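First, one chain by itself in structure tokens, the form solved without the named molecule.
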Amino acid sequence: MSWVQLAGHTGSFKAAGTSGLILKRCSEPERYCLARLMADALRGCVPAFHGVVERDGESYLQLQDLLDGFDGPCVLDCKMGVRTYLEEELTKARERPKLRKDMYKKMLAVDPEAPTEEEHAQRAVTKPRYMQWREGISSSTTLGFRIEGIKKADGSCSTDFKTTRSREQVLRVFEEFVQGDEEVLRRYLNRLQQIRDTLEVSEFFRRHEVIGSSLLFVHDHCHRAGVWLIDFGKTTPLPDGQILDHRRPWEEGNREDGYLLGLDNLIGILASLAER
């Protein structure tokens, strides 16, 4: 499993010809973001982006293989933000819902009372409604991030974090993730602190709604730890000059992603975790 594969993406991910690279199905928001990020304070905080290549009539982001320097990577994909869908997707869901049966059924199996009577009748919900529900049953709403997935060095993968919500549950996931590796945790924390600092000055970050992106925590048994922001497929610029502080609550209209609330909390949780 490659890190794009681990961010739970396409089935398009592929090795490039060049060692230490990784092809991700190109998406325009992401290419744009990565390009900006390469010229941003956050350049170091995101996989190197080497541009786009064509293979098989499809465009791929040539990304640093974030896993490449790691020897048996443990990977945790942490979706950042109190909100995990664009406001534009919420708007589109109201205007023109694409009803998702699969997502309904996922809600219905998890919390049969969660779908409204109408959703029950449709056997389908909109993705944003699914995502909002996902945010509320996970830590996204309250903490501004959530664990999506873990790949362990043992090859195992889990995405079973959907109802990981409380600060402790999250802490526990991270605790299990880092497997007592204090160095990794410290590195993670240092990295996050640094990422936060970078975020807080990043021109890109202040100008973009960063939704659906993840912090990809990678470490290995050699205690290499990295964190990178990845998955900028839903990171989109704010209207000219408009900025987000990325902390204040999302209130439809303000495009606030709570990214930094998430990162604040994540840091807090990791910091709490480091002190256990």
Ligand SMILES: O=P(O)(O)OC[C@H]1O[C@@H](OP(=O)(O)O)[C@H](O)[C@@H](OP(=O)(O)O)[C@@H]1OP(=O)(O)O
Contents of the next structure:
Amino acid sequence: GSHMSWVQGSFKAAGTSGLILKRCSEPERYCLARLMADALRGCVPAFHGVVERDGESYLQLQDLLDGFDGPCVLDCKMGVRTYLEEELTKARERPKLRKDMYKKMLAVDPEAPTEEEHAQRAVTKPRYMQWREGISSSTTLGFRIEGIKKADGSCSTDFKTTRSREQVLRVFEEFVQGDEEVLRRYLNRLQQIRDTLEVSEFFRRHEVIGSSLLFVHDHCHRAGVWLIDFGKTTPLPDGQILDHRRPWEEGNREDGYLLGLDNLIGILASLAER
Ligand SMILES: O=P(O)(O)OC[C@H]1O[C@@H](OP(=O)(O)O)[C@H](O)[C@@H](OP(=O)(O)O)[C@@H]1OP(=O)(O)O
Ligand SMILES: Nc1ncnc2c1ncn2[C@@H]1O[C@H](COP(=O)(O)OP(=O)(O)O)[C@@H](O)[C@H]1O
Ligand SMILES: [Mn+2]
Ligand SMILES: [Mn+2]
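Form solved without the named molecule done; form solved in complex with the named molecule now:
Full assembly next; the chain just shown is listed first.
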């Protein structure tokens, strides 16, 4: 019925029922305006424009939870790559050694850092993001589960080493809790999303990094999926286009978004036959 209802750091309650405010960023704002006129219009939350809240700009979005009765939510980070190629450029010309990310890496695996990273107590952003891709399913399957918010109020972000196809299947199995109608509805929606992406003018002309698919369902068997988070989705130069399936290699700007979606549909289709 509301995301802000579950909250109780980039979101704020809107004044209008059914909406939510997201801290406005230029890349995301650009993206949402273009998407409202794209094939993908229905695959993303409604973008109603910008509002100032305490001398501060917010995107006015559809709250995707508004139609659900006690929503279960799963955030699935899409792509084989989760950072812009410019992060590699910045990390070589002028590294901003991130002590925070060394610490976050240390927590998951104190042995992961190199001799020199240990000595710096700091890693580069790209190295941290590449490590996170490789110990999750991101690198091999082209997506990863980031978190779940349940109908019993229980939330979990404990998926950093969820990597095998079967490990990911078991998360979706637990998430859908035997609801065949929810799983069929998710699969019908993902098939239609994949069809829409494959014809989208926006999708062919944009490097889609850092975006998620948000799975939402309730005990009344309502089920929806939307693309969210266009903060790192960037227009390709001139008339360049991506296939969104081929492997990333610095300079080709490939995201493996549709490799992710192909695998995701594959795993849900497997689960539906179990
Ligand atoms: O937050 P989501 O989209 O799930 O994931 C993207 C974000 O992942 C975070 O890592 P963990 O998920 O392991 O905590 C990074 O610290 C954060 O980066 P910074 O630390 O802010 O530089 C990055 O974000 P970005 O800045 O939007 O690229
Ligand atoms: N339009 C929306 N309606 C409802 N919940 C949303 C919406 N957008 C995001 N969320 C929730 O907020 C979380 C983070 O959203 P996201 O766009 O990735 O923010 P960020 O840019 O801070 O990473 C999602 O995983 C989901 O739980
Ligand atoms: Mn995000
Ligand atoms: Mn973001």
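Positions refer to the first chain, counted from 1. Think of the rigid core as the biggest set of C-alphas that the two forms share within 1.5 Å after superposition.
Among the candidates 176, 160, 203, 113, the CA atom that moves 2 angstroms or more between these two forms after core superposition belongs to 113 alone. Core-based alignment between these two forms gives a C-alpha movement of 1.0 Å at residue 129. Comparison between these two forms places the CA of residue 55 0.7 angstrom away from its other position, after core fitting. Taking the core as reference, the C-alpha deviation of residue 93 between these two forms is 2.0 Å.
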